[PDB]
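Number of protein chains: 6
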Amino acid sequence: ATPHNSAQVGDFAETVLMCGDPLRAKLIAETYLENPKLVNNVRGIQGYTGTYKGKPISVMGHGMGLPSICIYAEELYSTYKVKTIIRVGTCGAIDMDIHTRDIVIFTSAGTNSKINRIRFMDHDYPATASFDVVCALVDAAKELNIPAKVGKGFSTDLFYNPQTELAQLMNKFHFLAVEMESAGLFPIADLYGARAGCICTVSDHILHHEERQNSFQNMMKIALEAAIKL
Amino acid sequence: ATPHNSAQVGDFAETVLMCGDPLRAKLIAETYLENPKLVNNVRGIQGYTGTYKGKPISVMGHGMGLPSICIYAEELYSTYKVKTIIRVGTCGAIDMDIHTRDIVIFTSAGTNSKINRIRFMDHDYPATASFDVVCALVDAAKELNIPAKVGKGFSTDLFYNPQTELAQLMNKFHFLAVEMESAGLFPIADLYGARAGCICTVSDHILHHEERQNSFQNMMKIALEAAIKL
Amino acid sequence: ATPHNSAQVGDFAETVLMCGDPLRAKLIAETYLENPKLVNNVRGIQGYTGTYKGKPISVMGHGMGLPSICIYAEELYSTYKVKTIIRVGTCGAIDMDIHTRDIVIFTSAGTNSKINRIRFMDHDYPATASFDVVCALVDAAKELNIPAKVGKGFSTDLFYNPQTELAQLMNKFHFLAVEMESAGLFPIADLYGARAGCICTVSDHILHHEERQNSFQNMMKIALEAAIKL
Amino acid sequence: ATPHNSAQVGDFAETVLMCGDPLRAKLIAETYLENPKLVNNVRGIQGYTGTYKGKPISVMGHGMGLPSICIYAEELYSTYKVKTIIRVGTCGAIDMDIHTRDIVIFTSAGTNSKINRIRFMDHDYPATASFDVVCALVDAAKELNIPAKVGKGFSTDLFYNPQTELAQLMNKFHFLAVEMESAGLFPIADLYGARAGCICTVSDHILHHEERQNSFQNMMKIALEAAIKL
Amino acid sequence: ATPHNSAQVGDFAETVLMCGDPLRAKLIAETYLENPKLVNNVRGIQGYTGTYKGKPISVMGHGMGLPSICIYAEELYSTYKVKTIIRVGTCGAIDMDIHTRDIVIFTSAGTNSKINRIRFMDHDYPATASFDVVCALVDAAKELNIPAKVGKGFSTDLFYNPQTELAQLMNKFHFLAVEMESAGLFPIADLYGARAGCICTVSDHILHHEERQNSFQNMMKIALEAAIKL
Amino acid sequence: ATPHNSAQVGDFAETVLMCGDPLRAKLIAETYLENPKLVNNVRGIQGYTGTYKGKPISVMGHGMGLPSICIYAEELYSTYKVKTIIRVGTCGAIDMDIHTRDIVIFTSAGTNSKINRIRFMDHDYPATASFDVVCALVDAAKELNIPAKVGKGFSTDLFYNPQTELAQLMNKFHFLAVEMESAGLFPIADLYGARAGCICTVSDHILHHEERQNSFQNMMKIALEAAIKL
Ligand SMILES: Nc1nc(F)nc2c1ncn2[C@@H]1O[C@H](CO)[C@@H](O)[C@H]1O
Ligand SMILES: Nc1nc(F)nc2c1ncn2[C@@H]1O[C@H](CO)[C@@H](O)[C@H]1O
Ligand SMILES: Nc1nc(F)nc2c1ncn2[C@@H]1O[C@H](CO)[C@@H](O)[C@H]1O
Ligand SMILES: Nc1nc(F)nc2c1ncn2[C@@H]1O[C@H](CO)[C@@H](O)[C@H]1O
Ligand SMILES: Nc1nc(F)nc2c1ncn2[C@@H]1O[C@H](CO)[C@@H](O)[C@H]1O
Ligand SMILES: Nc1nc(F)nc2c1ncn2[C@@H]1O[C@H](CO)[C@@H](O)[C@H]1O
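Protein chains in written order, with the numbering used here: chain A, 140 to 369; chain B, 140 to 369; chain C, 140 to 369; chain D, 140 to 369; chain E, 140 to 369; chain F, 140 to 369.
Hints are computed from structural coordinates only; laboratory data are not their basis. Here a beta-carbon is modelled for each residue, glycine too, at the ideal position from N, C-alpha and C. Please note: incorrect hints may appear among the correct ones.
Covered by chain F, according to a simulated footprint, are these stretches of chain E (three or more residues, beta-carbon under 8 Å) [what the hints assert, rightly or not]:
1. 207-215
2. 250-257
3. 295-304
Generate the whole structure from the sequences, applying the supplied hints.
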């Protein structure tokens, strides 16, 4: 149906969970979904559709970086009529009070990318997670009573950032963690009147040197439950 | 104590409500606060401190524009040790589904100002309302059962915008309304590890032509109650 | 007549003196104008109209920052058919040869704001004081034989500037002082084929630590006389 | 050894061919390499190392977008001591004289990304293919007598570009085709004193509507032979 | 002494008149100066030094564009200890009320160049003519009773401007004329605590189609006399 | 025929060699061309047309800086129907492995100018030398067996660069040398479907302190021979 998706309208649930690693999406589909069916594997993206507690739910990879997720997200909302996209994955901690294995729920994401300025007449577009999704994720976390930090994330275009002072600058402003897609996902959802959100498990701290499964499983519980609530 | 505030540390409550119009802040202090005392009137800013349901609460004007509120907000957090600043006021509707008299709670604010790029190494800083404040405002609205729209706002540097296409662009991305301070307030709160939020009553629609007291009073109820919850 | 002005066309003189502090404008009106009449007090802006040496002259506040003065100035030229706006006020010295209490007449103003780039297709617009006004102010100063420095000013969006190196950079280029409106005022006057200028009394030096009435009164004499000459 | 590569120094040849699609890299390894061994499959990237005409050669996916390839390329040069990276893949034609199935060899690549400005103090960095690689690709094409167009490419951050006028602008300047990695690859090679180049087969035209295997196989012949020449 | 000047300190007068055309500078030296001596001809720049009414005065070409004049001006202030540089030449009219053959005295100059942003931490630097020079030029014009328009000029990097809407934009803001050096000259003078100014004779109108000697001679009279006054 | 060229269509050969110094172009015409005829001397630009090995060839100055060469190059392609422009001249070495007297052939040129962003919707345009010209220059060098380095150049707007860190940054990325026109020349050739290239002899090193005729003559041999090959 699209240059990056062989599936047809209806093959995807209205709620899709996405992570960068296609093998993680495969794992997620085999571990948490019932009767997972491979609906798209163009570029080995591992797009599946199954059910969770009886409700349709899809999981698919989105690659690394804003340009990548921008391709997948826009096609999902536009062609497959998806309504909600929840980004699930790992991230690097920025804030000194954020530790490895911590779970973070993004209220929004800053970025050093030019994509949003291109879409917003060179002005400041606040890549903001859909309030419904942020609420669904936080309520799920509260109901499951799983500690989670809510706040700003940063989507960098440079995993290996030349601007070494940026890290401390973000710490001063209390950005929670760094990843590479949220800032791109959020504005696309707005344009399509759809919804998006993001939750990550800190797998490393960029300001200093500091089991990882429990944290990842807890994050998945939150995303899945929130998905049902939505 | 500061170039724009004659008050001394302790004269202001840890929670301050702010609006652009100094006469509105005076009105608010005389109408909703008990035993309001003028604590600062440099530049006729009308800074008062009284109590609401027994709790200390201050109200003060902040002028129009990011540069103005940036002066007042930074001094309040830094010198007067204020913890929470809730911006209350009017705004212009952008989204076609947003109507005059509607109450809007900002999740974040975009801007055409250069201030955040100056503070954030020329990158995209998501001027995000503190999640605690957004929640306090929304819960108050739910408890008072007062319809309110939650979403993105836009803080313009140009009330009379030369870029006439921006209005429709923001409508496509579903920005709710336009004002002139939020985008400046939010990042300052982050820097001081403090909190900030914003709630406005739509007093006009910028995309077409379309009582105003009830809406303003309801907005004040929400802000005041949320202030107590915080 | 406008969202920020209750006065009607004709209530304002063709020449208006403006300062940030509304209480200063009130003081100016009661101290230097004959039969001052309050013509506008929306947002407590203190807009008056009286006479000086028999000629009509208005004085009104304009708040702090380019966005604020941009609102007031554009409405004055456009709706109230004002012809000349002379900004009078205080400023911070930059140049090491400029001292506190010195009077400065702006030839132009630089800025770290994005407003002029928005109006000028992202290019460099030289916020220049109207040559007639600069001349009127300088001749008045010469005739009153009051020492005054003529040169570049800087209109910052950030009173509390994070970029601490900017101060010395401006000293190297010999910017005289810093304020927060001139750079916004000047281009608006050009657009309306009207005139604008600015004169300030240095109330503090930003590069080091260093009666204030005489300087302020002398500055007012210059502005008033120049107003008559125009 | 790295967050995205499980292989160890020595597992990769000094010359690596890369394409966005991991399944294409798998296909390439099974079709053109002798004794291909999977050396890295983190995130299903399909990194292989085999031999072509007796010489060591690796093939691996790099995902879509500058941020993605920037991660893989920098790790290859820095950690695995790779010397040459030749990007092989598909692209969209821009120039009206460029047709679908045409083979294009990039001399350089323009971009709407902010990555190079971040690495180059906000100036214009010419993402240029290594002259040795451009020559090796062109000589191979000449020796194999396979028609190929040499010229500028464009690496977009937005596959679905909102700026619809850009396409015709690039046509006027004669950009040959569009892809999403070259502009990111080239500067990284320069920084590591290494080499990089790109060759693509046009799979579609963005300015109008206009077998695909022959073109892809011919492109692979050129890349492989050039790899040997280097 | 410098890469572009063979003269030695002292060969140039403290006041130098400059124009783009080296042949015009030669003409000026032979027509208005007494005992003109060629002091520099590197790159055929035609740098002369003679006397006018007994006072030392130099005339030299400066090429076309900000980068060119920036080279010559900085060397003159820095190495040859020049104090005043008055740019004399031709320009294109912008304002509809400005006609061919009109003489224009620049108060300042806007630009689409990046040079000033590079020198001014990416902010808006107002390329302003030295007030002493502007005054000297205007007084000379008044004393010689030669009609001259005083106002903003624009220094473009593109004589053949692709942005065809800029012309009308500048007309709306009342820029008087266009040339290619002033915006570069002015900031350099500031840095060296020296002085600079510009006066031009409109040789063509860019907004419509509309003897040239008288205008040029009158402009030279103004510059020369002003030079003496300084 | 044009504001900067008195010659008429046909007076210039389809291949023009250009250098900044007009006296160097005169020297080149008298030293390497047979029967050189002055075809244009507006602004003393020294435009000649003669023959080399029986083929028509023109040589003309282009001044210093992108704005200057942009004027001359665009008029040559557009009005005089020139097909190839080869920039010949001197440059400053950047790379530590590049030494004075070395000959450099530009593959492309980076720049700190805003011209290309203005022509390319504020994106990154890779100022790339025409591949035919780069090849002609390199083959000539190989056939004449004259050592020459091929790589990136940088066209600065500031000969006296305030950003002193840029030099080392470019060294890290291996820019070969610095000049002031290439980045402007290349994009203009693309727009006119014509060709351009550049070759320079390093006359100085900007990173340290380190006969000059042989190098200049060898560079001229390469340019001339390449001109014939084209
Ligand atoms: N520390 C980290 N820094 C950045 F920039 N991204 C991180 C980090 N940890 C995980 N990620 C996620 O995995 C990919 C990058 O390895 C990207 O897809 C990103 O979302
Ligand atoms: N329609 C509107 N557009 C903009 F830009 N700001 C609005 C609007 N309505 C109210 N405001 C609030 O009042 C002031 C501007 O009049 C500013 O202080 C701002 O916060
Ligand atoms: N030192 C100073 N720095 C800056 F940025 N602005 C100054 C200063 N002194 C006075 N002002 C004027 O008063 C207000 C800021 O307090 C603004 O309205 C401004 O015009
Ligand atoms: N027409 C096209 N436009 C763009 F922008 N990229 C193209 C096109 N065809 C193929 N590609 C390559 O495949 C991916 C995008 O589908 C990216 O990885 C890119 O390199
Ligand atoms: N109409 C005009 N437009 C521009 F952009 N520059 C003009 C014009 N007329 C004369 N000049 C002066 O001469 C040179 C450009 O031909 C430049 O050196 C410039 O100063
Ligand atoms: N070291 C150098 N740095 C820069 F920026 N340009 C150089 C250098 N050497 C020679 N040039 C060439 O000569 C003129 C500048 O003197 C310009 O025309 C330029 O092309």
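Hint by hint, here is what the structure shows:
{"no.": "1", "hint": "207-215", "verdict": "holds (count 4)"}
{"no.": "2", "hint": "250-257", "verdict": "holds (count 5)"}
{"no.": "3", "hint": "295-304", "verdict": "holds (count 7)"}
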